[PDB]
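Novice: Now for the letters of each chain:
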Amino acid sequence: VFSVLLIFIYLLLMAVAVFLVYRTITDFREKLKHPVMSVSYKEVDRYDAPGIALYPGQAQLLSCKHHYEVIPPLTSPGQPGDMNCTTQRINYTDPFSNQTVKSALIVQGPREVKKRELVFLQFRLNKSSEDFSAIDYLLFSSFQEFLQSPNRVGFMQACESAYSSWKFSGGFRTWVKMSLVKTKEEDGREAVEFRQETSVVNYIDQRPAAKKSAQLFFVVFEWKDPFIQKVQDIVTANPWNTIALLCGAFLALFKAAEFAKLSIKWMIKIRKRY
Amino acid sequence: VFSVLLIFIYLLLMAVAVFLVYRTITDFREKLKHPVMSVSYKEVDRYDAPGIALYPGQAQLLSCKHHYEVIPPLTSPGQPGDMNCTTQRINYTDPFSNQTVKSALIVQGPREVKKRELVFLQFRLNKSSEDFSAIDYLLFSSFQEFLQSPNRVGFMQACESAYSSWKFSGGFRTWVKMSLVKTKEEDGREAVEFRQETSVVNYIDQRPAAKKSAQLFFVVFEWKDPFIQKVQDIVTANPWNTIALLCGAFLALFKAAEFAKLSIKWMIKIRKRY
Amino acid sequence: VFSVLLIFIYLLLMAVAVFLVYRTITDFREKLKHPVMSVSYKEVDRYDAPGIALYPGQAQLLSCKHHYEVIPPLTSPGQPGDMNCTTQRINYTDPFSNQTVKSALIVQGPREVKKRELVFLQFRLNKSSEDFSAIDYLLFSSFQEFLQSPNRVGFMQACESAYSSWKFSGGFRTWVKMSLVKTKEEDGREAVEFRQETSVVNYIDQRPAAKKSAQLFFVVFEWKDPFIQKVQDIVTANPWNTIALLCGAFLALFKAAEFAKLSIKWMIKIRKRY
Ligand SMILES: Cc1cc(-c2ccc(/N=N/c3ccc4c(S(=O)(=O)O)cc(S(=O)(=O)O)c(N)c4c3O)c(C)c2)ccc1/N=N\c1ccc2c(S(=O)(=O)O)cc(S(=O)(=O)O)c(N)c2c1O
Numbered sequence: 065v066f067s068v069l070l071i072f073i074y075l076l077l078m079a080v081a082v083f084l085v086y087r088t089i090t091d092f093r094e095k096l097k098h099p100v101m102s103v104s105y106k107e108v109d110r111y112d113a114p115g116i117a118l119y120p121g122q123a124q125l126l127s128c129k130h131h132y133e134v135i136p137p138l139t140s141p142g143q144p145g146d147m148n149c150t151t152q153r154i155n156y157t158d159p160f161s162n163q164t165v166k167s168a169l170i171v172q173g174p175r176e177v178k179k180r181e182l183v184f185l186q187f188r189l190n191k192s193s194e195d196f197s198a199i200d201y202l203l204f205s206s207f208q209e210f211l212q213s214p215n216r217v218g219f220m221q222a223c224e225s226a227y228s229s230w231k232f233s234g235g236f237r238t239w240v241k242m243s244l245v246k247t248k249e250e251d252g253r254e255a256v257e258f259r260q261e262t263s264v265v266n267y268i269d270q271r272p273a274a275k276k277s278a279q280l281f282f283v284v285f286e287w288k289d290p291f292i293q294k295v296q297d298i299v300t301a302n303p304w305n306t307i308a309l310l311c312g313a314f315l316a317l318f319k320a321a322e323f324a325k326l327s328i329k330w331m332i333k334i335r336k337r338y
Numbered sequence: 065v066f067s068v069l070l071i072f073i074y075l076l077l078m079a080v081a082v083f084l085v086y087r088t089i090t091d092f093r094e095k096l097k098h099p100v101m102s103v104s105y106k107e108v109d110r111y112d113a114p115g116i117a118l119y120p121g122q123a124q125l126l127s128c129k130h131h132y133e134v135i136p137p138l139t140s141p142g143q144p145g146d147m148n149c150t151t152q153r154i155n156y157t158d159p160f161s162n163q164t165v166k167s168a169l170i171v172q173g174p175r176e177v178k179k180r181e182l183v184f185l186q187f188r189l190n191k192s193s194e195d196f197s198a199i200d201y202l203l204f205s206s207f208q209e210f211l212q213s214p215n216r217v218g219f220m221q222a223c224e225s226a227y228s229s230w231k232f233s234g235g236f237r238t239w240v241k242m243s244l245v246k247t248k249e250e251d252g253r254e255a256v257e258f259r260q261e262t263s264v265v266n267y268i269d270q271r272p273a274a275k276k277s278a279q280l281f282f283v284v285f286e287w288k289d290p291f292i293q294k295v296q297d298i299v300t301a302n303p304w305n306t307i308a309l310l311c312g313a314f315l316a317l318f319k320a321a322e323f324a325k326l327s328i329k330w331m332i333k334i335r336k337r338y
Numbered sequence: 065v066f067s068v069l070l071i072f073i074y075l076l077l078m079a080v081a082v083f084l085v086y087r088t089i090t091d092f093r094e095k096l097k098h099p100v101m102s103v104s105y106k107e108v109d110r111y112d113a114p115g116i117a118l119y120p121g122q123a124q125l126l127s128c129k130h131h132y133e134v135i136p137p138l139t140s141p142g143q144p145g146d147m148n149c150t151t152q153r154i155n156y157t158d159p160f161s162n163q164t165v166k167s168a169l170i171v172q173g174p175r176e177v178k179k180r181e182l183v184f185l186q187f188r189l190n191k192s193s194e195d196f197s198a199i200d201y202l203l204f205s206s207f208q209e210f211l212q213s214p215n216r217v218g219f220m221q222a223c224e225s226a227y228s229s230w231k232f233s234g235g236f237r238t239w240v241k242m243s244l245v246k247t248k249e250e251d252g253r254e255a256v257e258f259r260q261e262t263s264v265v266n267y268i269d270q271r272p273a274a275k276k277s278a279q280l281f282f283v284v285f286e287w288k289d290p291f292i293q294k295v296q297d298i299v300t301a302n303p304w305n306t307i308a309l310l311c312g313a314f315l316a317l318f319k320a321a322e323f324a325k326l327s328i329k330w331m332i333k334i335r336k337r338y
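Residue numbers (the entry's author numbering), protein chains in the order written: chain C, 65 to 338; chain A, 65 to 338; chain B, 65 to 338.
Keep in mind the hints are simulated off the structure, nothing from the lab.
Heads up, a few of these hints could be off.
A pair holds if it fits inside one copy or across any two, identical chains being indistinguishable in the list.
Cut-off 27 angstroms, straight-line C-alpha distance, at most; resulting in silico cross-link-like pairs (DSSO-like, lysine-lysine) [said to hold, decoys possible]:
| id | residue 1 | residue 2 |
| --- | --- | --- |
| 1 | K333 | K319 |
| 2 | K288 | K97 |
| 3 | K178 | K166 |
| 4 | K178 | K246 |
| 5 | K179 | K129 |
| 6 | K191 | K275 |
| 7 | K166 | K288 |
| 8 | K106 | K333 |
If we strip away everything but chain C, and leave its shape as in the complex, we get:
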């Protein structure tokens, strides 16, 4: 049976090999899916001029100011003037219904983050029967790409279908801080997405001191921090390394079996002593 004992060592080795193979294959199956993610933060000297698409509707733009200081100056309510920005009016068909042309007002944003550059926009809307005043706006990465790239309808259609719009209220100013997150998929595209944290500041009617009762909106756009987020869905399943380790483990089993065979020859000598 001693022959069967050496084959018993061999069968233990084979069972270990079977367990190793099945464990490794199921581990590789699991690791192919459920990839882990990594986040890296980069710094930018000055953000690329972003694009803000407003949808005022029946409300006209009173004053747009590109203010460098982090403290905007005083304002004269309902006083047209002080327009030193860039604006383009567009008529594009929303993909949702292909029946309502959603007029858009496209405006350049702030670039110099380190000088706390910000954009101040004032809007006036004559009282109506809406019962709820709101404005919806959208953000996209670059404005010069929009201006230069032909078929602007196409670019903003892609923007609207891809990104999301979050409306700001009326009757009190809204402070908006933007942040950029870049994600890479299997196709190697650096998709850019925007995030914002809002902080509404109430507006005082004491300054007007009039009976007009006309709703006013104020928006402030600013860059939160120079840091840009970059999320990568990293993959830790390397077929070549796993195959190399599998072969190494197989040959380790075989060579440990050779060591055990040398020990079993020692034991054969032992038996010969007895």
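Fit chains A and B with the ligand to the given chain C structure using the hints.
Specialist: This is chains A and B with the ligand only, laid out in the frame that chain C set:
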């Protein structure tokens, strides 16, 4: 007196082996206490009816509409009517103080994200000496489960102790989104957590145009996107692979020692040439 | 030509070795640029008192109270009283411009999260021509460390440079919630950051019911959850040469090649049999 020269590389090799073992055990110990995080997404054609747990207390319900258009239509002030919602009133002893009982009403939330159906409901509360108005509310995964599972009080106690209880103001509309994140514990249980980003839009007192001083609440629940987040806690450095790695390193080190000793025998022949 | 064919195993071996070296070099050179992020949550029985800094300017505090009960009490606004907080006024020059000296107040935060401790602060401000009333506040890890550490101006300069400041409006309260995120940087250092999610509730003017129309701001500070969130970036393998890995793989592969070539020598015996 050269056997020590032959064993010099042997002792260096054993030092290498000790260093490798210490480093590997330290790495495994560090890895067993620092699990990694992963995130996954999916496209879902129809969400499961989420829970609604408004706690009016002393404010009655005037209207609750299950709209299917992203833009709710015009609404008159006050004038209760148009009840097209499913409601269930439940009383349960608090799970924190066991002193007070908070009467709650449960509503069925939007299901179709693709049609972007919203639920728009409004409450009014007569003048009171509170001087501050606000209504609590919390969400849970499903409403049909709660309707069917007996011993409701226990389910609500668990939901309240687990899910966060948010608060929405009174006096203007609070467009509230939703989003689901699902996590798997080491046991294997699936825990679903709600998170959302509210958006406040102001009311207008012109529509009432009366001296009533009555609160007019307004809430709009809506699904954000057809993406359900999953967070997974991946554990790296499984033990069998590490053991196989260490054994293979030992075998390779010993075979390198044997090859080096054969080459040292050749070099000793060379020395014999001198 | 049979000699070359006998070495053909060697040609394939050299190709495999080139591929393996290139793949491992590129992979482990690419694995340092983007490490892997890991997260965890720690439960804390009771937080360390944090320091809450405010910049009232022309505003004067009216009442600061700690409230262990979840529901804060109701009072008559406009009457100073019930001051049960600790404050240490400071006057320091900001780092951004080194020209504006900004007097700042500091108050003790809520410690016992389990007992539901919330800090209630009332501020009063006379009507002016500002047209936009807001107060910006900051959070630092522990007020006590500030009291103990000399050169306190330096501590707040560092705090202002590091942390971000977000303001709350004037006219309705704000129920600020706080949470702590700890991240370890590569240089053996731990950084603590504050996160929050505001929730504004409208304030009712019925209590004054007078023509003064003075501005009142109400702030509540609470702890979101006792959990502290730690995030750390960790690497994969840090050998800087990983010479042992590929060396052992190569030696194992070469010994396997030697055994297969002995088998091919048996095959040479075969060919001799023809
Ligand atoms: C020594 C060392 C090892 C590792 C490490 C290596 C591998 C690994 N996991 N996986 C694999 C996978 C496959 C393997 C294969 S294959 O399947 O056939 O391909 C074969 C073989 S083998 O049979 O040849 O052994 C393997 N061992 C394989 C393997 O280990 C893991 C998880 C870890 C990592 C680090 C490491 N030594 N690190 C050092 C080592 C030294 C450092 C030194 S020192 O002055 O030299 O003391 C200084 C400094 S400092 O100046 O920055 O302070 C350091 N940072 C030092 C340092 O970081």
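Novice: For every hint, state whether the structure bears it out.
Specialist: Each hint tested on the structure:
Taking the shortest alpha-carbon separations for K333 and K319, both the intra-copy value of 21 angstroms and the inter-copy value of 24 angstroms come in at or below 27 angstroms. In this assembly of identical chains, the alpha carbons of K288 and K97 lie at most 27 angstroms apart only when taken from different copies (25 angstroms versus 35 angstroms within one copy). Taking CA atoms no more than 27 angstroms apart as the test, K178 paired with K166 passes between copies only; the shortest distance there is 20 angstroms, against 35 angstroms inside one copy. When the C-alpha separation of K178 and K246 is checked against a cutoff of 27 angstroms, the pair qualifies both within a copy, at 21 angstroms, and between copies, at 26 angstroms.
Taking the shortest alpha-carbon separations for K179 and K129, only the intra-copy value of 15 angstroms comes in at or below 27 angstroms, while the best inter-copy value is 39 angstroms. In this assembly of identical chains, the alpha carbons of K191 and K275 lie at most 27 angstroms apart whether taken from the same copy (11 angstroms) or from different copies (19 angstroms). Proximity of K166 and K288 under a CA criterion of 27 angstroms is satisfied inter-copy only: 21 angstroms between copies versus 29 angstroms inside one chain copy. In this assembly of identical chains, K106 and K333 lie within 27 angstroms of each other by CA distance neither inside one copy nor across copies; the values are 69 angstroms within and 60 angstroms between.
Figure legend: structure checked against the earlier numbered hints; the only hint not met is number 8.
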